[PDB]
Each structure stands twice: as C-alpha cells, then as structure tokens.
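Before any questions on how it binds or moves, here is one chain, the form deposited without the named molecule, in structure tokens.
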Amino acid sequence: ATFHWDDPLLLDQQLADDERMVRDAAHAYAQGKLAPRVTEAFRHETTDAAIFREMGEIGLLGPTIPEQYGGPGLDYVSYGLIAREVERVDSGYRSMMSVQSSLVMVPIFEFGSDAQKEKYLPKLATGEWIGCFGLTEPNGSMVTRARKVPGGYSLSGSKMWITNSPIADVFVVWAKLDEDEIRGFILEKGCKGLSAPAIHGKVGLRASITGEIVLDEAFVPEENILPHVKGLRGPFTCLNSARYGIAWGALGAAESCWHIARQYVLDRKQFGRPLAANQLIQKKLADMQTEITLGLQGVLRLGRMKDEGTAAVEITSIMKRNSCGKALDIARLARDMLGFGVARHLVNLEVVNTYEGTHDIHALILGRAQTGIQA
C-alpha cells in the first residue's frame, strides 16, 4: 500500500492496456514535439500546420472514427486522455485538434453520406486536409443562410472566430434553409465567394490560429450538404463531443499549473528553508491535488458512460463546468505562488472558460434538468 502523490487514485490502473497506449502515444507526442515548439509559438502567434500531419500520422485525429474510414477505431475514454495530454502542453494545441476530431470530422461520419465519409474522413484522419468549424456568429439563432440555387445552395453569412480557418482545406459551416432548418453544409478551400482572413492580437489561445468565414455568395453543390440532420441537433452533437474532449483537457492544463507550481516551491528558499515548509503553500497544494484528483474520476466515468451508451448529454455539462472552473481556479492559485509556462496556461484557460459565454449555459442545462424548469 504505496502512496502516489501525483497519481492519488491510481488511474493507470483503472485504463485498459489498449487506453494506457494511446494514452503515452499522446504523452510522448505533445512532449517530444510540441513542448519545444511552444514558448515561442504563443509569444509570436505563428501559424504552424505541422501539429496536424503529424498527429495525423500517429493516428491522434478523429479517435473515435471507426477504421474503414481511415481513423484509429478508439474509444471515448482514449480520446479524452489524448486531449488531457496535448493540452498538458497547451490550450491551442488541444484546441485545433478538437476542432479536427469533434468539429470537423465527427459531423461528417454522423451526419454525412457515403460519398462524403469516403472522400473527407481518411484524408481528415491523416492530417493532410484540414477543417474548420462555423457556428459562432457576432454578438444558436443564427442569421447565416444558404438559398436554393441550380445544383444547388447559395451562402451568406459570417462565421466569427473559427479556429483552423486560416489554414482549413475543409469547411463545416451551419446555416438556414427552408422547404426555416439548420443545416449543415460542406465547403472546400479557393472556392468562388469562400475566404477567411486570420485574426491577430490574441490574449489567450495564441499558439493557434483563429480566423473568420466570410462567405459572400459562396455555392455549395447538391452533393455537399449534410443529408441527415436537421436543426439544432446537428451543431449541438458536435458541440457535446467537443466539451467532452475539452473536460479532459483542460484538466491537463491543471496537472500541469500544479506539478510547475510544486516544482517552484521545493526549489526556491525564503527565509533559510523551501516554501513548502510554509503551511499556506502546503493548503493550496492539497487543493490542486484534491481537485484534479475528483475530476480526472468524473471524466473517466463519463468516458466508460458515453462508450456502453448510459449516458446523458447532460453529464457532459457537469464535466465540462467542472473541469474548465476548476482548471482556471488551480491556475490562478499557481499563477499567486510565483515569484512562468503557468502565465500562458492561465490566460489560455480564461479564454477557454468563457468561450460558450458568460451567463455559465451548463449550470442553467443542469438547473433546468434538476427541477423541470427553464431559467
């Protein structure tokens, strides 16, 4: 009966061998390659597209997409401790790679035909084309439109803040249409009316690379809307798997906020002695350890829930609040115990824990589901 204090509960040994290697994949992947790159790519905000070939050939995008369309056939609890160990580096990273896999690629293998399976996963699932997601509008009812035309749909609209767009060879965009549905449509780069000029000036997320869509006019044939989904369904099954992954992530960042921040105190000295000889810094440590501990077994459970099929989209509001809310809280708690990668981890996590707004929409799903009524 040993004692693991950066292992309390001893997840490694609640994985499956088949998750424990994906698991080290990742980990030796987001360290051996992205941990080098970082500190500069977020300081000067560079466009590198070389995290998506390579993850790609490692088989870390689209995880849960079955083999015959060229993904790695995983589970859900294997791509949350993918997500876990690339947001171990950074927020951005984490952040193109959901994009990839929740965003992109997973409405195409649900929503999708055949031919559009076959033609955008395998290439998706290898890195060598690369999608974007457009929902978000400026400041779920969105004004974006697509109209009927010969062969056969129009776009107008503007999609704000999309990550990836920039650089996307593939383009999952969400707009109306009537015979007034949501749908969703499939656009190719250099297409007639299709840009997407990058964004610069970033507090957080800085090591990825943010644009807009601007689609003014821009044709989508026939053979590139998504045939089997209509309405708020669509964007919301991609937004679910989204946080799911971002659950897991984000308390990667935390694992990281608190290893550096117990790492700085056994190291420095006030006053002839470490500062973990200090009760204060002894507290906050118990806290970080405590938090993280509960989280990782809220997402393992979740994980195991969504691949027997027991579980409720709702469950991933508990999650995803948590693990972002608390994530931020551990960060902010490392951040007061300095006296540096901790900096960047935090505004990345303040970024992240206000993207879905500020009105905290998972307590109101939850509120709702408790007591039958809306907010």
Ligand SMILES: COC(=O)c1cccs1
Given for the second form:
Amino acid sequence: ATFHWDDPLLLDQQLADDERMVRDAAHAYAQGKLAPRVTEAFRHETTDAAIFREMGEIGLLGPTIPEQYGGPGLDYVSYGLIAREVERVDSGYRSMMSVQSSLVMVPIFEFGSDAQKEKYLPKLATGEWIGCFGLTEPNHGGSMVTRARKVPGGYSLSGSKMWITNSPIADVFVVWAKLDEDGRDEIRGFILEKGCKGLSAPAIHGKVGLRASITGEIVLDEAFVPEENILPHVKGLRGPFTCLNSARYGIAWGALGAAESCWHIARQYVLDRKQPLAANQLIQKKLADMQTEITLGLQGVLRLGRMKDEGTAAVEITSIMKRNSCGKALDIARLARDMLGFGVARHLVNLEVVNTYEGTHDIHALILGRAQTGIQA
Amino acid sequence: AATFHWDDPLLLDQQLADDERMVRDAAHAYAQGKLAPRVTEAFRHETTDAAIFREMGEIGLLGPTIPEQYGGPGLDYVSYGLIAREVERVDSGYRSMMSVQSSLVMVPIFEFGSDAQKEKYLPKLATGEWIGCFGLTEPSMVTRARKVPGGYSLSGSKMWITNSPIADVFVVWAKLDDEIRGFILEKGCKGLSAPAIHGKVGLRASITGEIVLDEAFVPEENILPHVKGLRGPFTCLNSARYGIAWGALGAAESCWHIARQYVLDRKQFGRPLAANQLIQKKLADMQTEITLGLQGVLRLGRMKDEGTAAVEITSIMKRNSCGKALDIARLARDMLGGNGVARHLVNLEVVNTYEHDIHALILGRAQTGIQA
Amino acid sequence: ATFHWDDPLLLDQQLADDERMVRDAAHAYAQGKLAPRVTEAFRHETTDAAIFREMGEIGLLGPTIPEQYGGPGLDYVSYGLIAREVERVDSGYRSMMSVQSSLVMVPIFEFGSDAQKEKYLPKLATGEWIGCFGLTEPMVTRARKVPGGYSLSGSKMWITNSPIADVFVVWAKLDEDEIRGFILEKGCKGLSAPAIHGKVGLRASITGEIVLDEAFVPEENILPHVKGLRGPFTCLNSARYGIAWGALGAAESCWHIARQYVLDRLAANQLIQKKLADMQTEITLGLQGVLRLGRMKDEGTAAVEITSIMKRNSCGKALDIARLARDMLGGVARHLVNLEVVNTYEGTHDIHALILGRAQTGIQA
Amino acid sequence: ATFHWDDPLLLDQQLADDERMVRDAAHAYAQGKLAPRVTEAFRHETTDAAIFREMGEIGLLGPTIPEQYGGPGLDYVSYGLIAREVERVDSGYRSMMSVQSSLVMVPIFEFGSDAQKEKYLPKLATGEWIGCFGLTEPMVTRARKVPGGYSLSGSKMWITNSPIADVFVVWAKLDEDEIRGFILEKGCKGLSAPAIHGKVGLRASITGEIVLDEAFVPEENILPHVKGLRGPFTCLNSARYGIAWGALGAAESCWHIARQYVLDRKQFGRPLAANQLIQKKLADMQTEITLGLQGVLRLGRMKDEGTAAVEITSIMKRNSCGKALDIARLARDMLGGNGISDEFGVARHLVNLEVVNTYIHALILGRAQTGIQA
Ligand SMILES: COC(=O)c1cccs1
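I would like to compare: after the form deposited without the named molecule, may I see the structure of the form deposited with the named molecule bound?
Next comes the full complex, and the chain you just saw is listed first.
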C-alpha cells in the first residue's frame, strides 16, 4: 500500500463513482472558468452574474432539488463536493452558489405551494433567475424587526435586511418577517420579485473580504406581496433554520476546499524556496498540522453528509462541522500566510469574513454547549 | 428530526459491526468492573498487578488480531482499537501493559517467527499465562548477538522496558553479523537479568525495568527467522502506535466527561458553571476533537483491515490523538478549582513525550521528499 | 556587545548593589537548604517548619517590614527577588513565605495597634512564630460582641501554614456588617486547625483549615485601623506581587532544565529552538514588568490594577513554560503540578482579566 | 495612586524630557499630516514623495545621525519613539522612514568615505534626497572593475522607495584578492527603477525594482570601510530595532480601536464590554503591549550605553511583530461586518503586519543559547 500525502485516508475511494464524476465536473468548471476571473474579480469587486447560468447549465445549482423541479436530484455528499470545488477557487463564488441552493431553492422546495415550486424552482435551477435571502438586519441576531402587515390582497412589507449576497442582481427574494396575526407574532417567509414597488437592493462596496461576490441590502417600504407569495407551509424558527442548516453544511465542505488551496500553495512554496525550506522542522510541523486538520475535517463532513442522506443526522452535528471547518480553515490560511515571502491572502480575508458572518459570539459553540449541558449560556 | 447524541455525535456505535460492538462492550465491562476500582490506589502507590494479563487473556483481549489457530481471538484492527480505548478510558498504564503483549510481543512472533515459535509462545501469551516484554530502547544500537554452537550469545542493556521485571517472554533486538535481528528469550535463561525501576511520574500503574544481557545463550530455534533490519522493530511500533491512537481518545473522553459533570455540579455567582460562555467553548472543543479523532482512527482501522493503509497514516493518527487528548486533559485540569483528571494528564504527558516529534517529521518527508 | 542568553536585558545591571546581594542571599539559602530538601518533601508531603526558623534567621521574612519591628526594612524589588529565588526551588516553599510576609506581617504592620505590632512582628520576622491567613471559606464567618472581646464562629479552608501556625489572622464580619481582622493564638479555645492531605500540587507546603467554634478574642486583638474589603485586599495585593516574581523563578528553572536537556543530547532542532526562544522571550519580558512594578511601588506611583497585569502574566506564562519544558523531556514535572495549582488558586474565571477589563472600559463583567 | 489604562507602567515617566518632546513632535506630525492621508493612500496605492521633506524638516529622518551631517543627533530611544508614532498611523509610512534612516543613512555614515557622508547625508536628512536599499533579489548582482571605477549588472526586487529614490545603496559582489556596497544616483545610465503595483500589504508605500545593466559607478562611490556580511547586516539590524518599536504602535492602534468598538456596541441587551471573553482579550492586548514596550525601551537604553548585543534586537523584533500580529488578528476577529466602518482600519494594520512579520530570529536565539547552528 502506498501513501497519498494529498489524500491520506483515500476520501476518493470512500466516494461512489457517481460522486467522483460530480466532483470532477465541479472541479473542471471552477478551474476552467472561475480561476481565470478570480484575481481581478476580487481586486476590483466586479459584479459577475454570468456564473449562475454557467453552474445552472451543468446542474450544480440546488443539487439536492429533485428533477421534477429542474434540480439534478443529487445527495448531500455531492452538494458538499460541489461547494468544496467552488471554494477551492474562492469563498465568494461558493457564497453565491450557497445562497441559490440552500437559501432560496430549499425554502421554496420545502415550504412553498405547488404553484410556487413550479413557478420559481426551474428558473432558479438553470440560473435564469438569481435568488437572495433576507434574514439578517442592521444589527441584532426572533428579535427581528422586519414586519408584514395584512392588507387587502396580501401583505405589506417594511424593514431592512443587510449583508445580503446576490441582492443587487437577484430576480427572486426570500424574506423573513414577523406577521402579527391575532394575537400571535410569528416569523413567515415571503417571496418577492425584482421590480416590486417598494423593494430596493442597494450594493455594498469597499468590502474587506468576499470581494468577488456582489452583496447588498434589501430595503422594504410598504412592498406589496400578494397572498399567493407567502410561504404557506412554515412558521417560526423552522423556516429560517432549515435554510441556515443547509447552507452551513455546504460551507463546512467549502472551507476545507479553501484550506486545501492554502496548504498546497504553502507546500509548493517551501519545495521551490531555497534557504530548500522543506528541510526545516518548524516548516514540516506546519505542513503536518495542515494535512492533519484537513484530513480529519474531510472525514467529519463526509460522515455528516452520509448521515444526512440516510436521515440520521441531528441538526447539532452541522454546528460541529461548520464551526470546525471554518475555524480550522482560517488557522490554515494564517499559517500558510505567515510562511510566504496573492492567492493565500485572498482566501485569508475571505475566511476572516466567513468565520465572523454568523456573529462574533461563537453561536455554534453555544448550540453545542447547550446540547451537552441542557443549559443556554 | 433525528436525535442528537452529545456523547457520540457521528454515531460511531452505528458504524461498528456487531462483532466489534460486542468486543467493545466486553472490554468495557472488564475495565469498569476490574480496573476502575483498582486504579486510584495502584497509581498512588505504584502497586504492580500483573493479574490483568491473566484476566484480559481469559476474555480474549490480548493479541486481538492474532488468529484462533494460535490462541488469539482473531479480531480485526477496529476491534483492537476499541479494546485499547476502553482500557485507556480507565488508565494509560493498563493500556501500556496491553500494548506491549499484543503489539510489541505477539505481533513480532506471529509476523516474523517460525511455526515452532508461534505454536509455543503465542497460545500462553494470548491467555496471559506468559507475560511478554519488548527489548529495543537502550541507556546506532549497542546490544549485539554473536554466533556460537547451538545458537547465539547476547550482551548489552535495554532500559525503560515495560513489563520486564515480571516478564516470562522477552523479544529482544540485537545486531548480528550488521543487521538488527529479533531474539526470543525466556525468564530463567542464564545470562538474562531484568531488574525493576521505581518512582515514575506517569504510567505508575504499570511496572517497567531493565533487560541486562551478558553472554545470554539463545538457541537456534529462538532467533526470529523471517526479519532483518529496521523492519522488525518498526512493524511492532507501528502496531502499538495504532492502539495508542485509539487509547488516547478513551483517556480524552474520560477527561471530557469528568469536566462536563464537574461544570454541571459546581456553581458560580448563582448559575451552574455549565452556564458560562467560556466553559461551553471548551466543552465544544473537547467534543469536536474527540469526535473527529475517532472518525480518523476508525477509517485507519478499516483501511488496515482492507490492506489499503500506508504506514504514514499511523503517524497522523497517533500524533493527533495523543496531542489532542493531552490538550483536553490540560483543558479539563485547568477547569477544576481545588487541589481522575490529574492522573490522566500525567499519564498523557508520558505517552505524548515517549518517542523529537518524530511523526511531524515523518509526515514532512512524506509531503516534501526531504528528511530533516 | 556581549550576549547573555540567561539574562538578555541584563537585569543584573538594572539592580542596585544592595538589591543584587539580597537576591544572591536568597539564592544561596534556597539552593543550600531548600533544594536538597524538596524532592522528598514533595514526594511525601512532609512538614518542615525549620524553614521559618532558617528564613527568619537571615531576614527573608516580611522583607518590607521596618527594622524597628525586626524586619530587614527592604523595598519591593528586594521582596520580589527573594520570592523568585525561593520559588525557583519550589512554589510550596514560596507559598509558606508569602503567607508570613504578605498575609500575616503586612496586615499586622499596616492595620495593627502599637501593642499588636510590638508583640507579633519581631517573632514573625525571626520565624519563631508562624502565621496563617484566614480568608477563604468552604463570607459567613461572623464576629459576635461579648464581654471581652469578640466571639468568632465559622470555618476557613485551604489555609497554608495553619496546622503549624502560632498566629492566625482571621477575617470575619461584624455589624454596628463590615469585615474586620482578628488575631488568634495556638491554644485558644474554640480554635482548631486540622491538616489537609493528598494534595496534587504544592505538596511541599503544609495546608489545613481554621475551625472557629465560638473562639474568644480579646479587644486588644482586633485590627483598629481596618474595616471592610480593603483589609483582605491589601494582603492579597501584597501576595500577588510576590507571586508575580515567584512564578518567574519557577519558569526559569524549567527553561534552564529544558535548555540543558537538549544540550546533553537535540539543540540543532528548529522546533526546539523556537520553544527555547519563546521561554527566553516571555521570561525576559515578564521580569522587566515585575521590576518596573517594583520600582513604581517604591515610588508610590503604582496603582493596584498593575498587580493584576503582572500576576496574571507571570502565572499564565510560567504555566505555559512549564508545559513547554515538560513536552521536551523524555523537577520540571513538580514545578508543573505546582504551577497548575497556582494558576487556579484565585479561581477559574480569570479574576485579573475582569479587573483589567473593567479598568479599561468602566463596565463590570 | 491612579491607574492609567493606556500606559499602565507610565512609560511617559521613564522617558527623558528630551525624548518626550521628540515623541510629541512625531505624534503631532503623524496624526496631523499622515492620518488624513492614509485610508485613500492605502486604498489606491498612492505615491506621495512629499512626505520625506515633511519628515526631514522636523528631524525625523536618520534620528541617530550626528548634527555634523544634518542629522538631529538623537539617541536610540528617540528613534524608537518616532517609529512607534509613525507606525501608529500606518506601517507603510514607517517603512519609508526606516529605509531612509537605517538602510540608507546608516550604511553611508557607518561605512562611507568622508566625502560620501558630506555629499549624501545632509540632503538625505532634510528629505531633499530620497534613498533606497538594494539587497533583495528575484546574491547574483555583480560589480566588475573597469577603467575609472565599477560596472554593475544585476537586479533587485521589492525595494521600497526605489521608483522615487535619488540615492541607491546597492550591495553587489566584487571579486578582489565578496559583498560590497555601492552608491548610485538617479539618472545613472543602465539604471532603471520600475514600480511594483498591486501589493497586498504596505500599499501606502511605493516599492519597485532596481535593474542595473552595465551601470557605471565612479571610484569614489564604493563604500570603503565594509566587506562581506557585516555591511547589509548592520543596516538590517538598525532597521529591525525601529520595526520593534513601530510594530507596537500598530498594535496600540488595533487595541484602541477594539476597545472603542466594544464600548459603542451592544449584544443581547448589554454593551459588548460587559462580556467576559471580550475583557480577557482586552486584558491580553494591554498586557502584551505594556511588556513589549518595557522590552524595546530597555534595548534602546542598552544600545545608547553601548551594551546591547545583536541578539537582543532579534528577540525584540520577533516579539513585537509576532505579538502585534496576534493583536491585530484578535481585534479583527472581534469585529462584525465587512469593511465599511472606521474599525476596519484594523484590517489595514493586519495586512501590513502580515508583510512586516514576514520581511530566522528564533534560530538566532536558539544558537545563542546553545552554540549549535540550526
Ligand atoms: C452565504 O451567506 C450566508 O448567509 C451565511 C450563512 C452562514 C454562514 S454565511
């Protein structure tokens, strides 16, 4: 038996040929089309919507969505493998894809009416329509202030969502808002379309990380939403969480792609650098640590993927892998950065935003601590 | 929605074959039933109890991978892993005693020995009737064999040998003419002395000593015929390191469990300690590392059973398990206020320091071609 | 232009001639009398009160206490140099000392009466009387006015020196509820001090409890010039200052042991070198901090929050260095279990981070 | 009696009255003139040559250079305090200063002829002439003897100031019976200095190449009093001392920004400052800066009194930069959002410090402890 330094536990052999082909298709697309764009896309914060069509056309948008609705009807491991190949190039591109698949197609497929599913899903699956997802607000992460008023014909929406990836270029908007409906105040999901009166999506520029992805606001001022546009089959925490859980899973796989790019570059760098550097034992220890955390992270997300597919995965498990992948990836980017004398620095600032996106209070540690102790911090 | 198991998030239990689950439960019932009530006083007073070898041999826990042909239970590598984890869950010293019999003594005889050696030594080693030790370390190896009528004559010293003062069987590595060879010696071989060493800081539950050799006659039927060079010792060490990778995770789990129960019990400014945000971070870290470390040694086990595992993978897992376990023992120790965990901690400081950072450098060479 | 690996910033050169001999005095004592004792003392948790006699003999007890009361009349830099030389051998030893100096002789000197100071200090200085400090409980311990005198009742826990102490400085509450200081003496009825055995760290020091079952305390035994929080706190702040110097001595043993180890077989290893450099750096920087704190304490320019910086840093870094040294080996182990206790003695909630966080922000955690 | 959270060991009071004045002048300048420039200068990688004359006119260039040659004749502590007030704004600005001081003025003063020192130093001191330091390559750069002097052929990479420099201190190998230092001037035939743009860190400083193609150097342009390693090393040792102070200015900025952030920000009803972990991090930042400052101070004094070995600058540079980078990362990870607010001045300090920490010392201390090279 021979050693594969780049795949010590032979993940490649733990996958079905099925999943390998999906991985290889995602790799071919990301390396062929995204890598030639990424440097100046990031450097100059370009808007590049053409990516939704490209991924849609080869069946990599909404991977778990059934063929009935235009999806490629794949499993969670394949979704994972796709995220990882996209983020290997850049987290901003993976972000764009996460939104479409997990934050837009999922809640529509899961909670929407037949009419909503057939109207929206097929066009989201091809990338003809671009989605975004409105949950997070100007600042307090349930405690949401965006509000729907029952009016003749449907609903009137007022509030503001902030840091919404895809929002300046989106055709479809999934927005979460409190509806006080006699005499109970619950969170409901609403579909809005581009050009809806009272709906704005201003762009945010001068971002520090995720510069390759166009991000903006969702500003709602008495924006009318017809009855047929409320998500009928969900209320409360279940709506937003189903989406977030799907997205966190993809990010857990994706951040390991980013970690792997940093690791490969660091390794190649020390192989090429005469001073060679590879003979240094502090350098060797760093490479051993990178290889280790990635190899173990990959076994975790693979096992989680398999459990999700078999229906045995509790939601708390996602907190372990997302938190671990993002944290370990950031550690690896910092370690690789500190070893260099372009790509790494990009992944590094991307990962700094990703690690802090869901707050600076370590939400996943708290989900896990509560799961262990019973007690909320 | 599916149920979360905080103590087994990836449902390791469900990834085990039923065979493997039963081996685990058998080791668990033994270690919790026989070793746990002994451990506190044994560690405090460095009391030897070799009764463990006979006890473990009875339930077929020694030489787990050795075929039934030779008295062994004929289990797979995953089962070996599970046993070490259940034993180290109590104490690393008890696990060391077992690592030695299984990986350092029965493995070399089975892998490199003659039919005669295997039929003679393995069955009593498997039942724990004979106790084995592994003579490699020395106080670029000094110990030498020399050819004489009927056999060989050995002279030299081995130091820090676990099991040696109580061993019946000795697997000794000496240079012959210039290659390292393995020799099987018995207690009551003229020329062999095995004095004890006392007052260790860690692994106090096990007994360790020397092997002093002086014209010790080893008959012809007693040289290991099927190995020469670094392959002999390294094969044993590779086997032992695999069991230690699982074992350090059992010790890590105990520390995690103790720390979790501790913060559930103790109170701080009105709330239980478990309510603190910092405490939960630590519990989350302990849970994460244990859960991921387990998936690693399980995959390594599966690969060894299918013959797809290279030797470098063992380095990843042993270094990771021992390093993470040590981090968790320290985290747990630092979470306690006053003056089990302290014992696990000093044990894991010896385990981690034993072989420096040879594994990071093995992994470094495997990535880069260059040896440092 | 000549480099000292063991003293990169030449602390020696920053010390007064007076201070430099006191350090070498505590060093000659610690290495001469304490080093040959420590291994077996720690091993069996043996009691040896001879150390109080010996340190007293040579003026290392209550070192800031004025010559008028039996003290050597030294300053804070000198006090720290002593703690550091003593802890360099063992933390348990330093603990016994810093109880005498900071937790017994300081509160008596600072808050005592003329008669109390004349009676207790001179004998505490020579080590003839051994003191202990009674603050920590399993605060509930109350003073009840009599007759006398006062009638104290309660229990103190983890009291170093107590099973062999002659003098007990006990802090209890009294209403007119304010915390007051009390002096008690061995033989006192209702007072008892049973030992505590089977410790993990600090085995070389003796520790016990203070059980007060309506112990009678004459009015000539209460501390007049102290009430409330600033009592215990003045003592603790004094001890914390000494521990900040001490932890660094223990850190230095571990570094020196570790450096010697890699020389005797390893020193070419770049991982090792990084580790030895980290030890060198943190100790070197730690010393500049405690020295500067000392100079400031002697000039009156030192605020109390500064003791939180240096104590937290010394202890935390010493523990890191002891663990770094241990993981390099194949004395350190004893310093390690000691430092593990020392880092958590004041709790596990990082009291000094919270003190400093508040000083920076004006907001309590 | 009173705690000073921003200066717990009152470093202020450990300074001579002379050193304090110099610090206040560096502060007033950097805050007055550099703070308003930085955000846009860093964003667009803007070139402002004018800063050298500004720094020159207040005697911030070549602080240790004697008054005889236009220097302000200050001590090492003062040089340190200057670098710290400048890097408090931005490492890119400090990088310009330390190149002029330690990498251009120092080799000429230390190793140059008397005619070189009086030709070059007074103009370098006023900022009339801008200098650069040609050591790093993509050593191969070669000086060869020709009638009248030397011909230089070679190529230097990542040379800060090079595209705007009037004076080039170029280290090249010359064969005599070894590394030699040469002085070149702007406009020399066979000398070009193309700029590098698109940098990740240190964007506020201009950096470029030195390309030498048979560049003729007069005989009186070779540095007469240095051969081999000690030349480039002495400059770098000087620069390293300045970097050790500057890095702590940067760290102090990230610390201050993080502290104000948690003051202005609320989370779950309470201000962020009330969070235990936040307080720990702020205690760590305060601790490492305070101790870092005591270290660089003591090093300066030793350098002034002439008792510091080269090894001590290694420990101080490594520590300052390594701790400054930890503090920047600690501050960064405390901030929510993505670039728009003031607090993301921390992101700027961070990419700067990632380059500074990269621009060996642990192996110096290891070998100095042990006598064994690794
Ligand atoms: C893709 O952007 C998001 O909404 C995220 C959700 C969780 C991490 S990032």
